[PDB]
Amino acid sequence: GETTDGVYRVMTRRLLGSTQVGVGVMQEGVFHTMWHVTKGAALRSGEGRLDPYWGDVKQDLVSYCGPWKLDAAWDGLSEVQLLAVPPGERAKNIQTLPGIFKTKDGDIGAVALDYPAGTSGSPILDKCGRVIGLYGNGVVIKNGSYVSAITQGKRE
């Protein structure tokens, strides 16, 4: 299959027509997405098969073909870019200054950008183009808008 680094749509033909259920990142031969996009199922890339290798429902993350490779972190000061890949629409960079999710176990950056559910998995990048996490797991706030955590895995 196609193994070139980059951002990819995750599609299904199970529902009406071809439906985009999410997005992910190919880096160093490993495909990275959010658990809720694939539910841990196998994926196809052309005639090739991508099998799950690691996953965790609480982190809402999954890697295919190898271990999680993404380890850049938001610096807590600077603007980042969401590389939004919405269903049926061209990849588009959106720049924003993250907010913060404060938890009993520490703080994480959060982006206040509202896209369709099939955009989940889209990468958030720093100024060097490194992926600091994936968009698509978050909360619905007072006015009904959406705020996503910047979800990042651990590189073993």
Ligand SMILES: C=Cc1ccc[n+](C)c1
Second form
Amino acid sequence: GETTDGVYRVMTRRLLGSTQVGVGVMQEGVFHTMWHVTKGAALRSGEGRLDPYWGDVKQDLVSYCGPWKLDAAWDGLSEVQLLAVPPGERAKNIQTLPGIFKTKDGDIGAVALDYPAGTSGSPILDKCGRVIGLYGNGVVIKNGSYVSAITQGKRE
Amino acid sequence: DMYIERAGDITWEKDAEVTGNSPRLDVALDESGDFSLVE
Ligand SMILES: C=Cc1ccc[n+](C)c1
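Compare with the form deposited without the ligand: the form deposited with the ligand bound:
Complete assembly follows, chain above in first position.
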């Protein structure tokens, strides 16, 4: 199948027509997405198969063909871009200054951008084009607005 | 049966649309990976 680096839509034919359930990143031969997009199922890429390699429900992340490769982190000061890939629509870059999720185990960057559930797994990048996390696991705040964590894995 | 389809390159766009605010929120993360607001 297609192994070229880049952003990909994750599709299913199980429901009506062809439905986009999420998005992921191909980097260094490994496919990276959020756990809630695939639930750990195998994926097809053309005539090839991608098998899960690592995953964790609590982090809400999963990697295919190899270990998690993304290790860039938000610097805590600069604006970033969500490379949003919405269902049936072209990939588009959106610049924003992240907010913060403060937790008992430390602080996490967060992006206050509202896209359909099928955009889950879209990458958040720094000014060097490095993926600092994936968009799509977050919360609904007081005014009904959506805020996603910048979710990043660990490179072993 | 899930499949993937290329959507583009991962690159920073100069002069992209700039939007969104920067809220500071107290949150909790449960064992199922769900975030919730702490009040
Ligand atoms: C991008 C994913 C998303 C967007 C809005 C709401 N939720 C739960 C998830």
